[PDB]
Amino acid sequence: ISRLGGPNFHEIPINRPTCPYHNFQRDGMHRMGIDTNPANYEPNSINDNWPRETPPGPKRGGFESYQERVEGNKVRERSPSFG
Amino acid sequence: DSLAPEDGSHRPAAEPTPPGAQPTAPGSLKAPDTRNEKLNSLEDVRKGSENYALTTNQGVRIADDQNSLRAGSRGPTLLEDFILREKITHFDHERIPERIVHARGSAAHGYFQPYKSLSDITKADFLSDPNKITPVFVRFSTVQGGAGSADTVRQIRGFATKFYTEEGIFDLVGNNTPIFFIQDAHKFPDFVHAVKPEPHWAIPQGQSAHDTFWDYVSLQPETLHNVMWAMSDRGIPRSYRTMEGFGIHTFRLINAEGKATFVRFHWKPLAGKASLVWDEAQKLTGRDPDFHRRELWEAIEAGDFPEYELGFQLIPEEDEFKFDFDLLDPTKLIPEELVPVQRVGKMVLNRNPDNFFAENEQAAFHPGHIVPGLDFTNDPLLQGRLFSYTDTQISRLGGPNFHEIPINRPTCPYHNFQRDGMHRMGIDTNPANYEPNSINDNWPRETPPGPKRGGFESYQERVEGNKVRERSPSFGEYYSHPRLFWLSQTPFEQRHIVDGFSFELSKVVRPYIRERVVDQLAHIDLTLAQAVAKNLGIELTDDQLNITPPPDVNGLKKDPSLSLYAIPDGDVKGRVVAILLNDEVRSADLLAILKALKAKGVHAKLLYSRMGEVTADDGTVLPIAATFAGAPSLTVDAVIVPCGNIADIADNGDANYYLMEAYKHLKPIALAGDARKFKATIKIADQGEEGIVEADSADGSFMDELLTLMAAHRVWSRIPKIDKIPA
Amino acid sequence: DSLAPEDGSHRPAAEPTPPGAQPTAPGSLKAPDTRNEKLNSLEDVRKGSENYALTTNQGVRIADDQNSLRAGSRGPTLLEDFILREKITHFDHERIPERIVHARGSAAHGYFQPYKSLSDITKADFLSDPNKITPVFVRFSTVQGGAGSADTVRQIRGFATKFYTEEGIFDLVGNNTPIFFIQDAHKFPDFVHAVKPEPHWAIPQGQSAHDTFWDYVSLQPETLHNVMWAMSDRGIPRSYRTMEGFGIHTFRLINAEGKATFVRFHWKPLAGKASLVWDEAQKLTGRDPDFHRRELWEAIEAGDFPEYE
Amino acid sequence: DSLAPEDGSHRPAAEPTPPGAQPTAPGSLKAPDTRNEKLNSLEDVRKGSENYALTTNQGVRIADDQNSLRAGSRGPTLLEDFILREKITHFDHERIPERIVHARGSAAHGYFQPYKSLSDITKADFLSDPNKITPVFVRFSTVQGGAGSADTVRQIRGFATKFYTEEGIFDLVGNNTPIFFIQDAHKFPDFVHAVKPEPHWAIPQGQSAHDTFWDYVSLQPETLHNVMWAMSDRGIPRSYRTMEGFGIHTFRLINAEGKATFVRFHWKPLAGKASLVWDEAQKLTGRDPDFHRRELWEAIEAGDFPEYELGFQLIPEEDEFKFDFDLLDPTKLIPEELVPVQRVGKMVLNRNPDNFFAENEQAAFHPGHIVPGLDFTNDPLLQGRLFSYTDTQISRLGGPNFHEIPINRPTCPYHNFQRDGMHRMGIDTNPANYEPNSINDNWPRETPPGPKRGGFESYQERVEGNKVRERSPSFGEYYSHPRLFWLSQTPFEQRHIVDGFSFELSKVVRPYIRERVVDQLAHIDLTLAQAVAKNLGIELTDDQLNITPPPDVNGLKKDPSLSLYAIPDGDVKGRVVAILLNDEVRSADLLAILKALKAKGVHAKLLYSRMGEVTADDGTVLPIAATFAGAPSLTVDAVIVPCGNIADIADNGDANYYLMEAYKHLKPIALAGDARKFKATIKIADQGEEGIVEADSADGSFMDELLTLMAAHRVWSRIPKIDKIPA
Ligand code: HEM
Ligand code: HEM
Ligand code: HEM
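Protein chains in written order, with full-length UniProt numbering: chain X, 420 to 502; chain R, 27 to 753; chain L, 27 to 335; chain H, 27 to 753.
The set of hints was computed from the structure by calculation and includes no laboratory data.
Note that the Cβ used here is the ideal one computed from N, Cα and C, for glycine as well.
Be careful, since some hints might not be right.
Listed next, with one range per pair, are the computed distances between beta-carbon atoms [said to hold, decoys possible]:
no., chain 1, residue 1, chain 2, residue 2, range
1, L, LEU250, R, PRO49, 20 to 30 Å
2, L, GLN84, X, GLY476, 17 to 27 Å
3, H, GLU120, L, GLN84, 18 to 28 Å
4, X, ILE431, H, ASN157, 11 to 21 Å
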């Protein structure tokens, strides 16, 4: 944010994805993309809810985190296995 | 040059004075003797002006500040004019980004003190002793509009308090309603984008009456509870002094023994709860868009300090699951009938800032700023807030050293190994900038947790479950809290809720959105849904008419603490009355009127058809504060018309409209002697009516009766009568 | 889920419609056939939305945009939720400083063309040929109020036009009265500080009815001329379409022969001159603070295009 | 805790100590009693550390600064860890843009005092009385490289002084050569882009030996004069203490009567002029890239304060057109033979900063920062600088309030109507933020120009001419100053210039550029041109051999003041000698050596093949400062090898190389007793050579010889002999 002057550093040419990118984020310093979507929020009915979420799947699916088991108290402690 | 008037009337007296009596001024000049630790610590950066030479920022005296340097008096300006370039350069760079939300806000300095030690439930130092005074800086705000938007819009209001404690800054960043619109911080950008001005054309500015807000609401029923509060008169407070404040989330208190207690924070207005009515609020955004900012500043200059009582709803760790709702769900409130608010302390706001930009615009509040004795919970809206405020202040305030901007500085010691960054003020002399180090004997050093002056340690809450992006099933109930709110309101408050929804949905251009919102209202209460539908020309279906209402909340079918007016809490001090003058006022009426108002701390504004002075019947010269159009009835709480030459203003359109507007907006009106001729303007019967005070003179019980009406705020029984009235 | 109405009433028709007949919309969706060289050149950065997957800014498809990642459904949010952090970070950094003056403004795209060649008085390319069109972008504004202030305040109005010519951008940055308040730019910070909200309390927002403004005026008689225009009904225009525009300064026109001619620039409203009355204007800042912005947008959506000579 | 050593050897003594005797430290800790008005005014922002608890920036004490908060000790990190986030956020935002040019610099605090009142020629308050002491902050720098580039590169050096006067800040922003490369500021971006790292690959970093620089030079003959200075040993100073400083431009002094006198500013090093030799300087960029920064810091810590005399070349207004060059042309110098430098005062740098980033990195100097008594001229390079420095500081230092960053603040009063901007520290209490005003009686007020404490008024110079983008024809002469410079150098200085051009042009890949540069040199001097040409394998043409040399400058065929060494001015105080030890040193030699050095203020570094200590013949334990490879001969001014067990080091490759390197770089070498066995390694005849001190023991005669050689800096007569040394 400070090094590259704002939240649109992904629009600087070298950083841009070569695949499609569409979402409801808007504005910010040096905004290049000019959004035509009637909606800047979801859920919406005014743009029939696009762009839309995509379920996880074998190919071209949405990102879902691996459901790792978490168990313990909230601590600021180094694991004894690291000592 | 020496341009001030020789009589010294350019300068306000440094003593408490009523609204409009003197020009307002910087806090330190208006009340130099009002001090606190924080105010005193700002003396290193306060800059005076009187008797100093005008200079550049480098200290060079300026000889001619009226002209640029040019080659000949009609020639081109030269690049070597460094005085011109510095002055214009600073001007060109004055603005900084406004806050992403709550950009419109008004602030003041004050102090807090606990009533008794709370050491048994929290080790927080600022709550440990009744004689410990903690300076505070409070900012009140709206949510949607920009910094230049209007004050009396229909919106949730922010209520943020920075406590400068001896163990660190604690920021309590709350709103004026006990719940928020959404459950998870991940939807904050969606909700905010839906309420803010629509992206193609940037309309509308500070009001939620537009398609995208109601589209979102219709598709996300979790929002209905806070929407109900915004559509009530809670969304249009009379003043920041007359609204409640809430932290919303369940936090934790931690005592020296390590026991955690759940807590919800409350602020109770000692001036009482009071709101405007919609037509008055909307018209007031045009007649005076700075009404709440002005009213706060002038209350403080008058000595009518905004006072609030801090209160806690406390729930033992073992009672976490004993309610019908989840304690961690921010769309749910905790009814006071189930868990009472325990009084904790008092906060008094008693000095305005010196410079709005330096102190108000640059202030940075963050709910993550807690101190030992407090802790967070897993409320998923709170959890996301902890990330957002730190992040947004990097760009808003130009870097990571925003804690060095004077208003944000702690009053207690701060030492660490953090260095550099834009605008670095502190010059560190420590040989080390890391720890552990031996080169400075490891200072500054970590401090173990303890009962007092100890290091921060998080409460060891057990965490158990898989990593998931999932809403707890316990949060999936959206209509019982909205219904509990609805049933707790008086009949006139219910009508105002109906009118709020009706007006807002009438500005929604896509009719299907209006229909979907009506369908959601049918899940809350059938009477509410039918009354809004009627106003929209929509008919409920037979299915909608048979939706079974949501269950009561833990057996409650109403809680009177959710109403603004069900339980009277009126306070007349600080209120203002318009007095409509004529060119030969009966001085006796005026003497009686003004002294009765003064005795109760009620202000007055003497109005006429022009400025200047008018002479009473006995020769008393009366100074005029404003004209009828210049200070409309929207800005006052009641209207009094004294006797005298009533023929002077009897046919004045503005004077008659003043009473019609005040009458329509349910304000008490008092008419003395021949001023009773104005009864025909508002259609009052010969025998009179409740809400209209009238007598042969302003003597006897005339003022006591008017003040009784003022204590009740508005004349709710007049609602049916105002229905007609062309005003 | 949450979807469009079956009947298609969520979307505005892409044809000229009168004010209030349809929901307003982005220009390229409302009038896709209206083009000019500048409007076409913006096609590289225009971004659609229909039929596309929701993603992060790095192009990763999102599966659940309703929830943060937590350890258990009632658990603490995790630092590894990069989807949440990117979305909130962008939101957190949406705002940029507003303009120091003229922060409240409304704009539109259009085109200009000269009636005949002016090569005898100027070699400027955009004025050389009656059939050579130049794309413009115009912004109208007030002076004092912030970006979120009201439109129908009593103030001078700005009228700025960016001409995208074949020989460079020419910006004609004018106001709606033929003179300015002050004579030398060195006093601009003083005049602007005097008209803006007073420094102690930041009141009042978009109106000059306050002590500091009138103190400056009373001490600087050079301001009286533009003050007269501001106090007249010129200070409260009915619409941006019904006010005049002026460059104010004397500039020069230079022809191919090197001859200079002094010039003052004017815009004449082809809809005529019309203003509100004070009581109406002040009440309208409350009933609809976005009145001029709305009126301009709806006039263009109706085919009532603002035209100026 | 207690990580510091129990003997207290982690902290440096707060008393002057020689280079390497103690660990260096923040200025206020090393010399707490060295004070001046500016240093004292910085006390409000100085932050200590000893005995304080470690906190967040909000003042909350930290218990564990070793770990993040996580769910289980091997679990995920939680978003609610606000201590971790604050610390990482600050770290993430530490860096600010470096300076566009002169990014690599080293700075110190000091003071200035005049030698007499200059009120007859200027009303500048800081020059009005010999007892007026003005605090100063000085930054020395290279031009091209980034902030992390090396010190001993071949480049022009910057010499910027901030004077904190009673009438405002005056910044004298100069360089170490009397002219600049270009004439008009419009070409600065072109020249700078040409000298900086080439745009495709960002190579090379801090040296001008690349195609684009020499392309620009070859196409812009105005650059040749400053190029001549850079290619001479002036481009590789031994220390910031041993170089001259110049303001370059002709400015004006204005007295109380209003008379203007043209002035050129000069800084004369009281330690004398001294430079490195190219091989030594280039190798020193690898062995110690911080050599000049270290040397400045350690000289101040040792009490070897950098001292400079301020000097003025003064030319009456009526003598504007009496030279054969234009006084406003910054590529032209004013020969001291024609206009002598009047010695006006002395500046002493006697305290290092506490924090490099806060004080050095954030310092902002601007040549437009002048005070009453001084004024500009129409020099076209100076005119454009006036715009540039103000503009670049807005982004480099984050806004328009960079004058509030502690090091930049004036020590005198500053009051004006400027308000707001990012990171606004000052809280203005003036009711007015504009003038004229009546509400504050027009304060702060303008002040008419006058003899003392008056407002700034520009000298009313007559301007007559048309608006044109045109170079004055008077600036169109490029070869006579370069020629004057060349002819003023000693023979060995001339050789070094030839070698400078030859090495740099050898690194230019496009051969035609080298040829075009040689053609330009043929317009300056044939001998120079031929000698460079020969090293490049180029043959001058018939035509180039006949180019008529440029005219002398106002009758001068040389000026000895342009030479570094023509006129003896050496000073050994502060210089350093390497002493090569062996395992059984003749302690009588060391005593005599060290006693004699100490009497002249010359430091010593005791070197060996390992760290630790050795024991002398008599039992004296000698502590080793560094190894032969650890502190190469590049870092010292002379080398001394005492007697003892030479067999220990006679076969040490590093020991032999140490003497070969020092010999190659023309440094004085002294060999006592059996240390004369090292004469074979540097091939010195049995009868000895001038520059090599040898004797049976290290007595007083031996030491006086060596210190006499040190006073002459280097052994220039050895040049013809270093060709045959493989080093
Ligand atoms: C219980 C729900 C919330 C309450 C009561 C609340 C309250 C407030 C208040 C009173 C302010 C203004 C402080 C001031 O006067 O400067 C504010 C500002 C802000 N809020 Fe919250 N807020 C809530 C939820 C959120 C959430 C969920 C987020 C994002 C995840 C968020 C992000 C922000 C930001 C970025 C600002 C601007 C802060 C600054 O610029 O200094 N808020 N909020
Ligand atoms: C004849 C007198 C002037 C006129 C007609 C005028 C007109 C305007 C207009 C119409 C705008 C808004 C352009 C937009 O829509 O973005 C503007 C902005 C501005 N004006 Fe001027 N102005 C005048 C005098 C001045 C002076 C004397 C100064 C300072 C020396 C000044 C400084 C500015 C600045 C700094 C902005 C903000 C521009 C930005 O942020 O892009 N104006 N002016
Ligand atoms: C006689 C010719 C010049 C001299 C002696 C000179 C000297 C210097 C010095 C010594 C510095 C570094 C100050 C410090 O230590 O922070 C500097 C920085 C700088 N110079 Fe100049 N310079 C000259 C010409 C120019 C010109 C012609 C321009 C542009 C028109 C320019 C633009 C700059 C800028 C932008 C900086 C950085 C300032 C900052 O970031 O604070 N210089 N110059």
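Do the hints match the structure? See the list:
no.: 1; hint: L:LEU250 to R:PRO49: 20 to 30 Å; result: holds, 24 Å
no.: 2; hint: L:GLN84 to X:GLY476: 17 to 27 Å; result: holds, 19 Å
no.: 3; hint: H:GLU120 to L:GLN84: 18 to 28 Å; result: holds, 25 Å
no.: 4; hint: X:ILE431 to H:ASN157: 11 to 21 Å; result: violated, 58 Å
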